[PDB]
Amino acid sequence: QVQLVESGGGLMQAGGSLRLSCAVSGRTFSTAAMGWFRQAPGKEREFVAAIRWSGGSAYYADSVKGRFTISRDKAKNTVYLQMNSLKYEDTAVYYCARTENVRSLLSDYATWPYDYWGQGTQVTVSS
Amino acid sequence: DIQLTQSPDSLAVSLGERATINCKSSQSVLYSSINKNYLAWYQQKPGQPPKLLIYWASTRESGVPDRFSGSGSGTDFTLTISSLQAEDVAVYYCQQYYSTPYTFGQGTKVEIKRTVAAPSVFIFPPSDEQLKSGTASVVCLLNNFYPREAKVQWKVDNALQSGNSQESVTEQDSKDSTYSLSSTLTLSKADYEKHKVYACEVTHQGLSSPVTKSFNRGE
Amino acid sequence: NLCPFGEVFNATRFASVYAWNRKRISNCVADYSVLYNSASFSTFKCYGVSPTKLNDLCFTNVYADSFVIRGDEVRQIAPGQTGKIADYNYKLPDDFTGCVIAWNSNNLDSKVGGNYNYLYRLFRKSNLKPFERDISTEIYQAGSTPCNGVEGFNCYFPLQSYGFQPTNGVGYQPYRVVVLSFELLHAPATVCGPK
Amino acid sequence: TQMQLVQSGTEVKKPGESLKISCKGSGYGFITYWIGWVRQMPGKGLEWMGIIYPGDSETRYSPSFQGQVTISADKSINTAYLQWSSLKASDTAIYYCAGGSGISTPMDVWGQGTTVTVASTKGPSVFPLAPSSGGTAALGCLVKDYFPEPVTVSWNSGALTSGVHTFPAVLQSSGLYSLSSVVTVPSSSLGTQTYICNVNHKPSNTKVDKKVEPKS
Ligand SMILES: *[C@@H]1O[C@H](CO)[C@@H](O)[C@H](O)[C@H]1NC(C)=O
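Residue numbers (this note's numbering), protein chains in the order written: chain A, 120 to 246; chain B, 10 to 228; chain C, 734 to 928; chain D, 16 to 231.
What the hints contain is simulated information worked out from the structure, not anything from laboratory work. Accuracy of the hints is not assured; some may be wrong.
Claimed, not checked - Here are a few chain C residues that sit away from chain D, every Cβ distance over 10 Å (derived from the structure):
1. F742
2. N743
3. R746
4. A748
5. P784
6. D789
7. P826
8. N840
9. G846
10. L861
11. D867
12. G876
13. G882
14. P927
Said to hold, decoys possible - Quick list of simulated restraints, FRET-style, between CB atoms:
15. B:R123 <-> C:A922: 32 to 40 Å
16. D:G42 <-> B:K118: 32 to 40 Å
17. D:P201 <-> B:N173: 30 to 38 Å
Backbone N, C-alpha and C fix where the C-beta goes; we use that ideal spot for every residue, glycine too.
Whenever a hint applies, use it, and build me the whole structure from the sequences.
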């Protein structure tokens, strides 16, 4: 079975940075795209970023554009979220997601659903 | 966009001589891919559907004798029947199938050339039954002869009638390879009772001097 | 030495349309009757060769191209056709001398979650040459601005998925397509039938 | 054999009526077969009308038919059809359905053909043709002013084919056909032996048992 495993969650005084690591084990060959989702306290879980496996062209979401960096290492079957300039609104549970659905239009990887989900990991921005 | 013309239209051949039929196409039918021309040959004995004899211009279909063989170079194709036989008498069509619309040629009649043979002439008055109807039909009959080209002419009071006759000719015979003929002369009972001597003059290649068979009216 | 169409038609997995799989059939006898006398094919369109008759005629090479498309696009596998599949995935030449063989394969190539693993190309600077097999993932420049492998405004990834679901309409169900091309060179032939 | 094509029976129709003739594929591997239609008009050459692939009902027409006739295919009974919106007299002909296994293929299998005759009917008058003599002497029937074709003749009920010629029909000025039938008989046969001729016209459902005999 395919399993996603997040890590690198924890504590960070706002303006610092934190790196998140989603490790994938299963049918690697069939991976179209990896996506990061976060659920804040009280809020519905929203799109963050997605990256195409075969080109590394990312689609940064509107509220993180210019702060975060999604990147993947194909040999390590890992996707990374670099979280620069952390805001207080970044306090959430970050879920990495995998889809086998290859979509020509990149921007689709917000709209569209993901087949596999990780258990998620907590990021808490402090002082 | 293709179109076909066969030649000749008719072909009379002595049993066991060769017989060639030409079929020309306005466009080339060669499949560049596999150097084969996409042209076929069909025989149709009357009463039957068409039979496939040859495809890709030269290859024979199952159930087709050796004596049948096709050749052809691009726009020009020929069907050759070496050693013509009895059951080879029929109409022959060539068809292109390089592309739709598939198109056929106008056909070629092939008949068995046989020994010359003169025709057995008979004349028939109208029936009494028919006369009362209004018209009066005089039939003349040329039985069992070769070749086809037989001249029939009507005399009414030794004066040629012309435009009121109609010939009907049987195809070559199932047995003896001869034709037969019915020339029917139609006219009004009125006009039939006007003239008295009805006659049927027949000039066939078989008969040295023309043959007239006739009746005076009332007999 | 009997022509193994067995490991083409009955083959467990098939290829994605743009990455179509060619098998060079040579030095074997094929009873092609095996294929046509079987009732279980949707589309057995033959172009420029009687398959009933090539079980008594010898071809140099039989090429067998196998792949999957949605049933709607089956018609487009034929000479002179144009569109997405025709012009960007698998083109056939006008002087095609082979057959297109297609059966419905919902039963094999459709998951409840949707089988997204079968793909198809969507854009290309030009149309494919006949029997061309393009597998490049060049970030396709539509508009003015030149893309440096960067996606976005007037720049798109040229492939997409099919998403075959068992509940999809018969048209958006996946059909498996074999294409038997026959060539006749001036080299001694090696793929005949019985009769 | 691989494939045999059966065709709908003979159709006697009135000008204007509509008509759908069938062509069914007896046997296996029908799936590869493309059924064409061919018109042979009375005593004319073969005209290719159109072909259909029952599979995806991919239909092509001759320019000489495009907007006249519809070629359909109910692939679920291996049956290709040909139909008429409204029948001309002209559309009188025999129609052969003809399969190839594939397109740009020679038609390697033919149905025996469906005869379609588009005309209002009119029954034939039957007059005798009494002989003269002595060696051989001949007699016959005249079948006059009938429409449409065809007519069939037999002698003494059909128990006398001993040397009998029955000619092609000829269309009189009247716009109705006529057709003669005659038999060669020994001179002194007339003196006793009866010679009846039996004449049937299908369209007008009329037989005629017409006795022939010498005159006085
Ligand atoms: C594929 O397998 C089925 C049954 O196992 C058989 O009916 C069919 O002929 C096979 N096709 C080929 C080309 O071997």
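Structure versus earlier hints - violations, ascending order: 5 and 15
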